[PDB]
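Chemist: Given next are the chains, with one letter for each unit.
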Amino acid sequence: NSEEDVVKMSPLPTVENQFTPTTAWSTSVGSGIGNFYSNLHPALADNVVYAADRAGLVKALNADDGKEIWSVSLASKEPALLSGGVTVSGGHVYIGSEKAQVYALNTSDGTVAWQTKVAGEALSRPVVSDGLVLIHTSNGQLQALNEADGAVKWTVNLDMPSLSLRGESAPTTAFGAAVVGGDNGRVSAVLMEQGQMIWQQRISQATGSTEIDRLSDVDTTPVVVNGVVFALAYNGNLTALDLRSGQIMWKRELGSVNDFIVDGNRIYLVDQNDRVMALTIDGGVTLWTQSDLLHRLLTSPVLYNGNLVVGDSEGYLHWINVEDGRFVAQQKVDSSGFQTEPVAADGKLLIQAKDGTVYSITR
Amino acid sequence: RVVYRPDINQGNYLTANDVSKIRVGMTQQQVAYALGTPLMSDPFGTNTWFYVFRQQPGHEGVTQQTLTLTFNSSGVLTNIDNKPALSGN
Amino acid sequence: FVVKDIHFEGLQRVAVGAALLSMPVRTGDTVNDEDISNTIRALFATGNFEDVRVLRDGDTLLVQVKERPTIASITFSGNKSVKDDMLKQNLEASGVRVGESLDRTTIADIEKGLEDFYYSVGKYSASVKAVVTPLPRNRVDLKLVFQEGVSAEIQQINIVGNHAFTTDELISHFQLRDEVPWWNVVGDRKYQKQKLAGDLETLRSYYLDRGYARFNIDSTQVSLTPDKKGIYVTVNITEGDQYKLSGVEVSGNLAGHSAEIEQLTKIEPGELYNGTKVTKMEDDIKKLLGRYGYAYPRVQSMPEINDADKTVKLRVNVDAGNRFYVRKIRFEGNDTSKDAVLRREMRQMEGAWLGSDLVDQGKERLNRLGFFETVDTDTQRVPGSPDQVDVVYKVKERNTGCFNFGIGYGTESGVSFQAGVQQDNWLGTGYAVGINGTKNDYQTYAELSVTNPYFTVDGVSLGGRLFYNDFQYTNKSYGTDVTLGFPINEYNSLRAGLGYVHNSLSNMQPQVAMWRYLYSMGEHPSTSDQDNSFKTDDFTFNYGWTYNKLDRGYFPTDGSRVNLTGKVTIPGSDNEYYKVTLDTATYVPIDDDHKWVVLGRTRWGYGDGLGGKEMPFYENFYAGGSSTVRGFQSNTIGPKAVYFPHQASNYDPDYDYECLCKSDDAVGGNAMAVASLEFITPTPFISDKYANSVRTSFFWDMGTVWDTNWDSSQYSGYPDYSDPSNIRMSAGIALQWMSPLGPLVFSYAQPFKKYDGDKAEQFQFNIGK
Amino acid sequence: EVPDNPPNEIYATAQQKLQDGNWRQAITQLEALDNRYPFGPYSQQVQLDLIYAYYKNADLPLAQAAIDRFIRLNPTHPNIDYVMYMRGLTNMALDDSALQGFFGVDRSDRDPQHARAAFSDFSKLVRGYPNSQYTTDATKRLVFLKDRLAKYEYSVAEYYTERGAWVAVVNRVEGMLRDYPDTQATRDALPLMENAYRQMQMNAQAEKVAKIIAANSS
Amino acid sequence: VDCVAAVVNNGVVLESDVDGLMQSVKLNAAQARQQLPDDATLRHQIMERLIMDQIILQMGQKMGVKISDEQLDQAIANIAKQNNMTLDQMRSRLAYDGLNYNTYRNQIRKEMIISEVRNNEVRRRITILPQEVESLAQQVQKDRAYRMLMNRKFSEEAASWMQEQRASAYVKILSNXXXXXXXXXXXXXXXXXXXXXXXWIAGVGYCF
Amino acid sequence: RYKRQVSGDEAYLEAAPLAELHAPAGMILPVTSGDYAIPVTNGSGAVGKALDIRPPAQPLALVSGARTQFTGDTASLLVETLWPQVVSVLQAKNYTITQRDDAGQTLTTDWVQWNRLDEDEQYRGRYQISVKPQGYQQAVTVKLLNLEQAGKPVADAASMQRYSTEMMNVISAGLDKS
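Protein chains in written order, with the deposited numbering: chain B, 24 to 98, 105 to 392; chain E, 25 to 113; chain A, 24 to 495, 504 to 690, 699 to 808; chain D, 26 to 243; chain F, 25 to 164, 393 to 428, 431 to 441, 443 to 447, 449 to 455, 595 to 603; chain C, 30 to 109, 115 to 212.
The set of hints was computed from the structure by calculation and includes no laboratory data. Built from N, CA and C at the ideal position, the CB exists for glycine as well.
Chain D is nowhere near these chain C residues, computed Cβ spacing over 12 Å in every case:
#1 115
#2 118
#3 122
#4 123
#5 144
#6 146
#7 162
#8 171
#9 175
#10 177
#11 180
#12 184
Pair ranges (Cβ atoms, derived):
#13 F/91 - A/131: 27 to 35 Å
#14 C/79 - E/71: 48 to 56 Å
#15 F/134 - D/64: 36 to 44 Å
#16 A/804 - C/83: 45 to 53 Å
#17 A/802 - D/124: 32 to 40 Å
#18 D/124 - C/77: 17 to 25 Å
#19 B/106 - A/626: 34 to 42 Å
#20 B/361 - A/216: 39 to 47 Å
#21 D/49 - A/731: 26 to 34 Å
#22 E/43 - A/520: 34 to 42 Å
#23 E/71 - C/190: 53 to 61 Å
#24 B/160 - A/187: 32 to 40 Å
#25 B/160 - F/91: 52 to 60 Å
#26 F/597 - A/804: 13 to 21 Å
With the hints as constraints, model all of the structure from the sequences given.
Modeler: Written as structure tokens, this is what we have:
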């Protein structure tokens, strides 16, 4: 009542519309992510995309027409609480859930290839490699599931401070080693054939006392290129550190990110204050920033035709020119809002609204 | 009679089980452990301990049982006197 | 070289020589070497300084001193969820207060504390800023800026890991709320840190009391969105499996009370394991031991569990300890009531073995007297001998009565004088005294009454009263009564007494009821015109019985009270009659803290004559007003007087004296029955600082009264007064407050169902019990 | 509340108000002067005047708080005996708070803790500075307080005598004999102890107190 | 004559220490090296060093760790050996250089206690998995690279801890790494019982 | 007077004197563990209403660094033309100078009247003012020779103390007026 005194300053984006991108189709998967924070996002594989909702139903879509292929419900008694981002590989589609259940469906047949029980909620996107699918549950547990049928291989244990941010980080695969984040600011590497660590390096720079509010957990997927990996804690300290061991090649204080991309000798990211920014991977020199967007609750930036596509909670899809930043266009795609990360591949992008479900956007 | 009278208790109640273990020859600490702290002690001259156990259900007999222990001026027990009381009234 | 003397600058909290005692330089004596740095360090180690600057411009120590400021005032802006009282209490507990020195470390200390408190409440986007404004004479003013952003909202409670119960059923019992119903505004979805521990223990209790013994909480996580708006709670449980009671074994240094302990531990074979059941078993064993004297036992239970047959054996270890004797009983707080009036309500005699039930029984009995706000018992061990204890009762005195003396009306309308004293505790003596006298032209009234509740030391009470009425038609009545009462048992009381009254009334109005009473008595004067007189005297014996069991004495919140009073005339008086009245007030609590109460009140009354003589009309029953169905009038419900045709009679002025015609005036029958139900709620506009003195209630009331004498002839064309089947009803809201002038009751009651000649009212104010 | 002013004339008008006896007004000026200059040259005078005004104005709890504060932060002072005597007087006055003084009711067996605290304060004063001008009145007050406490104990013993709890009577009389030997209440209460022994059939102990009261019957 | 440069929590740092480490240690036979930045530029870092030494001192005093005089004398012997300058003649060197016996004793006590506190506090929170030792051996074995790895972890963790403690320590600079000395350094009216006055309607309502 | 008066009544002066009870022959009474013990002290002290409850006067503040000093009959004050200033303030208060030695820096005044809101006690005083240096500064001494009450000389120590402190305060406040 009297306590709604939030320090909220998100200016309406400057009206600068240059070009005319449009939409292709909507699908109305149903009541999906909604107000509940999650990581559900569509995935594209060979002109076929997939989507799901918090209720449990999973829909498959053909490209270029938005026509249904097969729809199933993974409910029975109650919502399955689908949390794991939808991923696809070979002849399988993998989805997590808050009920510690991982489902693997058989793509075209739409049949449940299997499901298995893990320790704790499986928020992170299941990552597939080397015949193993990795789950980073909400306990610090990192569990490897055999690709044939379930059969947990090893469960690496990580720490858990009791105020962590939601949305645990999925790991990445490089040269037989899985690089994974943590809820205490420490990036770990694990040998993904028996469950043995290689190096666990702490990158956070937290204070104390009031730090009870400062969490500094790394929930971003670490990216790997050549001999280096990159990491971003919640409260700062962007780090680029050697693949072989936890040797910090170069660090910067800014950090404070939840999604970033690297390509073309540069790094494009968004701060925790939605300040989209570009850096040079050489030593961490700032090429440019774009501070028009503050407290706007952005999403992951995706590359598309040399343009950084981002979203917001008000639904407006923004295009940013990769050359020093300028509002190429603003699209009133939906009034529901954009919370999940957009997907871009095969020269085509998809964004699933919080309730408006998957939206296909054209240039 | 007819006016209600509450039960009245006026001292530590002692049972024959703990009485039977008292034999002349212990010190203050031993008897204090065995029976309990005496509510009534003689404040004049010699040190005498009185274990009085008196009940009164209210308009019945006032049951009484007294046990006097006479200690010497050294801390050891000398004399015992266990009276079931009821000397008339 | 050598320094001749010292000079200082600041002398606020440190005297001239106060600092000299600490500094090791010891001027006026030997002194030299860089050691002056050590002197600076020693001076600052005291903490009574903010800056120091030694200087040797001459041969004397010129010590510039900037002392730490003393705070001038404390003030703060923006606090909404936190009240000023809590902040000032914390500051008093933080070592900072007006007139006390300021240290910058406490600034960061309290900043961290306040930020942590807001993070516990849920305002994660909050920051407290402390600003110090300097003032002349080395003092500061402390301002606090609170940027309370927004409360985080809880999103879901997830009980992942359960396979035997519904998650919704499990989280229904939780104090924290997943989704507040749309049709509920009193509840919200704030996240309080203590509530998480509370409902974790609630879930643990839920599984422990349904046969699940091999149970534990694996982990709990409190996730937070990167918006500080969503709080997610996750708990991991190990379901375990159900179990059955193999048996119970009670062993240890049990006292001679082993048999009843064994009976208490008798458990039906084939029952399901309940943690609440074993806790109740332990509490019952402890209470049984404490009743017989052992106030400090030791009871423990190890449930040795075998998974092969899923059977749990309860092994109870009990150590009685030593019996405890009360050395002495002390009373605190009775600044007015003497020691005997407290000590005589005790049930735990001094110099006896401690009966832990008797202490609380005496506390209840003291609380039932009605003139003690709060009573607190404390059985504290003596610092000396092992088996001794002192029992302390702490009471807070309460104002009891009022002295009033007021002249009213006047201004050519008539002097309305009144005076009185009404005490239940006369100067703490324990007496109940009451005197009341009113003097006005129309009527004069006087009465006096004195009652000693403890005339003898058993509970016997002796009381007496005198009363006098005389006024104009004329009416005089005066009399005297003396009664005594004694207790039958812990609760019941029985009273008997006797008294005589004398009445004399003349020039009475003509109406059917009084003429009927006179014809019964044997006098049949004229009816149309009235110039008659009558005298009577009554010697009567009265009796009574009261059963009282109440939590307190002023608006109790438990138990019940019944009160029966009956008076019968003795042969030899002018009139012969008997009256029997009954009252019954019962309270039932529904809330655990005894805050919400349902009240059932009832009153019954019968009265008639003996030997063919009618009951006198000057003592009939009445209704209405307060203390009954409220909202109609004072003494108007029931039979209405009907007058015979008027004649020369008395002096009848023109434009005045406008009195068988039916009139709305009432006379009251001889059979009464009223009842009422009330719901009690706390005042929604105050806090606990006053909540012990204000009571708010919603009430429904029903009442009826009728005359048992019926005429087929006279009442042929008039309403059936003798018919009881017709009732009066009302409902409304009531507010009571223990005002500094005594108990005051306000009521608003819309007349629900009334009859002719009621003149029902809406607002009603009353003083008294 | 009073307008800001240099301390000298506000102190002068506070002193004048105290001179007239308008204590309620004078407390305001004194408190304002103390607040605005917490460590001025004559804050001790302000504290003493405030204690005097609080005591005269029947505002005892604040007077007690000020007295304790002054004792704490001025352990040594040329006139600390005045503060000690006033603390004892405050406690003793706090003991008598009722209308019963009108009727001369024997306020002896009411709550005595205030009397105990007053006795402690007066005894500390007398043992501390036996060369002061407050010592004789303190001694008289000490005698009165000791008699009052003895009377309270005798009243408790008398009630237990009436009830029938003989052991409690014996214990209470022994307590009076051990703590209040020279008072008169103990001489009054000795027959209660004798009667308790006689009723409880312990004659050999009864004739002893009989001899004690007979030799000292006077 | 002296002042205070900054105040930290309870203790205080004064101009004596900054003068002693500035006037007596800057290219003035204090390791020479013919390399020293501007006095104003190095004043900030020297003040940081002094205040951080103080902070470590109170942090250790919280645990109250004590070092006895035999350890100080052994440290003096170590200084003599590492200076190729025997203890008695080293003591004379110190005495005429400016640091007399008591100042040297206090300085060595302080440096030993702060080094001990640093070592214990850092090594309590350090971790090394027994996995990368083999990897570094193959890149380069039997604890040869383990010492180097532990040294690197110490170098990182000590700096991180220093930043963490310096950031959150109360300091007020009153004004007014470090090479140090290089050598000789070891490791109605109403009234109040109740009374009511109101307003014929004049009636007293005193309550006992 | 209403003020300067003990709030309570005089009923505490009628306490029965405490007489130690005597032990009988050949038997010992319970030991006097009674910490409630009354030390014996002489009289010569006002009791009951005759005693006065008045905040002990202390010399007030003046020029900074002026240390006040108590004496049983006199009063002293360190300071930081001080005698000409003192003479000036005495002339300003119009107190007649009976004797004056500027060379010795010692003076004697006339009778000075002190009335403080109470009847029959318009105090009159014989005061011998003087100054002498002390250490690195100067010290001012106010010496009360005589005190009179309604023409009657009195010799209670408290009155001399208070009415030396009042005169000292007159100088101190007058000294600040410069």
